[PDB]
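For this depiction, one protein chain was excluded, whereas all remaining protein chains were kept in their positions.
Think of it as A, B, C and D in the order they're written, each chain with its own count starting at 1.
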Amino acid sequence: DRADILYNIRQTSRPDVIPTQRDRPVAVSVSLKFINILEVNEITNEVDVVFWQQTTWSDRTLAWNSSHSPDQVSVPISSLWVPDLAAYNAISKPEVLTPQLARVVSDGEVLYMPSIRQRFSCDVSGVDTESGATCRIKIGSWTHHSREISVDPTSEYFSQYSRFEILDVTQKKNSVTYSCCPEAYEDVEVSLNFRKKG
Amino acid sequence: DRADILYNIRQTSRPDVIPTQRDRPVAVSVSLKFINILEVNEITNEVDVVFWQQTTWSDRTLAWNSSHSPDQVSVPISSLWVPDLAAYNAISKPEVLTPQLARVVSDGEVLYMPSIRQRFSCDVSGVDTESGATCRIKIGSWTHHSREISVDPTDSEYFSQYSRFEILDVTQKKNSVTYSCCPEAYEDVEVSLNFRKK
Amino acid sequence: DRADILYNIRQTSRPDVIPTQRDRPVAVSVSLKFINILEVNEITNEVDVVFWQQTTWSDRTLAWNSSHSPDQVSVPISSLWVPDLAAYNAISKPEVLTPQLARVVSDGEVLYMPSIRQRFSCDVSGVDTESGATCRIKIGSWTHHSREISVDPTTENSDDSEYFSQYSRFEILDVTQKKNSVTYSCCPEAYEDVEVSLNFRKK
Amino acid sequence: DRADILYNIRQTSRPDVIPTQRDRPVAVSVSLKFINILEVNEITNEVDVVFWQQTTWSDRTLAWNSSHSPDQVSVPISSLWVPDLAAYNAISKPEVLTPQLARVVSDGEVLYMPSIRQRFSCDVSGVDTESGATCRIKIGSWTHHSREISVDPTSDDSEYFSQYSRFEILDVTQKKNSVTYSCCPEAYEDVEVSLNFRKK
Partner (left out) sequence: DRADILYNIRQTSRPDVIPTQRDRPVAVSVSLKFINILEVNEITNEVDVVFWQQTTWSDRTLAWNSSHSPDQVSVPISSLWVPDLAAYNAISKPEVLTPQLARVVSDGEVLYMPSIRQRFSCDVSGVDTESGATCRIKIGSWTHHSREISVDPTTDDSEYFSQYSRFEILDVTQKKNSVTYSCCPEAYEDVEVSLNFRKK
């Protein structure tokens, strides 16, 4: 039953150890589902956004045989390793709006999708036109380079009561290298093309 | 006595384990008792509301024979499993204003009713009219589908006489939604708050 | 000594267990001592207030013989049961400004008086007049009914001129704190509260 | 070594028990070093202030022989008893800006100096003149009376005061006081800090 699965998880899950298999990197899939655009300032180039951050990855230290057992459980994220994702152009702390629970499938596949309110620095010019503005958000591991964590991409849920509407969303994979460091860090660049409603 | 009951509750309650019995779902009742409407913005469609979030459910692992005992106790919710409920259109963290204590009956019936201040995105249009505005708030489990958690409904009586607004009607209807991504159904209660400026 | 008294207190105190004796309720005395009034909004009927919440009750499981010991000690409230008081018309979380320490007397009497800043919904009308405004705040247990917790004022009436800031834009004309026992539709039980009427006006 | 000292302190320190020696009081020294005056409101009589709260006292239960060991260490305040000091006229929670670490000397002398931003209710009248306003802040133990805690002052303190503030400090006086209340038979000691300051 579920208590057993959680107990075993508590026994074997190592929340501070990245679950790399055969010394290849962990493949993290990240996809943003925009829910609201709350505040926009064309002068400062700052936006206040609400989004579901769909995150999936594999951790075999959580897996169990589900032949006559449940095949999925909800588990506190503190009992699990979670990717240390950060939005590189963020200017507020992510405000998590939802219960911090992840879904674990018996094969060790993990899905964690918090609802997040966060403020970003990005290009707001054109928000009042019909081409719209395009705000770019880059999300990637803060401390794990491309050999430890890879980041891959995978408007339906957007609020009808926003002052804004979404024209398009593109999610592309990027990789940034730095002076200080020899390795490249992956991110997904999320282009939010949106404009103020007419 | 009460130390005994709390002590056994500490022995038996598994706060991270959903108390499903025989693989039926936990049946959760949710009812919002509105106390105040504090800030209203028709331009941005945002409201600041205070409500008592009446939440009831059963956890039989908490039960005790109450023949020569109290049949009810107050218990910190951190000692209990609580449903992972979220308001889908919330745009602030719920700010809990009250002591986070639930009431537990000897048969394992749990009552948790925090007073909550929260900000929502919803249709504020018509608030200064005689029809009023109708703000809809949907509350449901964030990670548990209908085979694990069911949500059912069970309001001017508690509403502040000092609000600038008055309540015209409250309707609570249950929904059950299936998704693109996912094979299972998720239940919610939709609370339609019809209110206007005095 | 003090280290011993706190040791015994930790041996026997249970913060999640109301210290009811002989199936009777715990008698809680509550008194709000207002120190400042920060914001008042007559349009929205809201106030921002700072007050000392004098809270006393008895817990006989903490008692000790003080013939050759101190007769009073300070204890983290995380080591004690404290009443789950809430103001029914609060519109913000209580913000505690002071060290969260309770005073425990050798006979088991507990005094906890946090300094608190909080916002309330209440009648602000007349505050710019000379009759003043009268804002009523009700404080009672959130989850314990009258057979488990009773709530009383310590003293009912004062002008509070011993505690209220002289540098406020407001002055206090009167504070009367009276006991109530108010009921709800849903429930067969009565809940006790103290209703605190703050009569104050803008200077 | 330093780990040994931290261990010994954890063994002898009772962070929840006041370190009175044979029922005489703990002598706490308190001194405010003003760093900035951030917001000032003459209509509401409120000021937003940043200050270093120098707090020193003795806990002989922490002492050790430092003949060939360090004579001082830094320790999380959670490992120590600290005085339950509070400002009687504060209207906000003190916002601690610095790491919450105390310095402990091998003779058991403790220094804790948080940098604090806090908002107060006090006399702001005259702030736009050349005599300036004089704001009084009272800091004392919240729950310990004078036989348990005594409070004494330890300057212009403009030595640390910010030059980029809109305000300047004309004088700071720190006087010791001890005030009694109606209900109760005992007095509580405090340091009253007088900030004479004006708009530049």
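Please note the rule applied: contacts are C-beta pairs under 8 Å (C-beta built on N, C-alpha and C of every residue); 3 or more make two chains touch, one makes a residue touch a chain.
Touch with the chain that is not drawn comes from one residue among D:92, D:143 or D:165, which is D:165.
Within the set D:36, D:125 or D:178, the residue that contacts the chain not displayed is D:36. Here the missing chain is touched by one residue of D:27, D:97 or D:183, and it is D:97. Subunit A meets the missing chain through residues 14, 16-18, 20, 43-46, 84-86, 89-93, 121-124, 142-144, 148, 179-180. Residues touching the missing chain, restricted to subunit D, are 2-3, 6, 35-36, 38, 50, 74-76, 79, 95-99, 101-103, 115, 117, 159, 162, 164-166 (touch as defined at the top).
Note that in this section only the chains that are shown with their structure count from here on.
Rounded to a whole number, the gap between the C-alpha centres of subunit C and subunit D is 27 angstrom.
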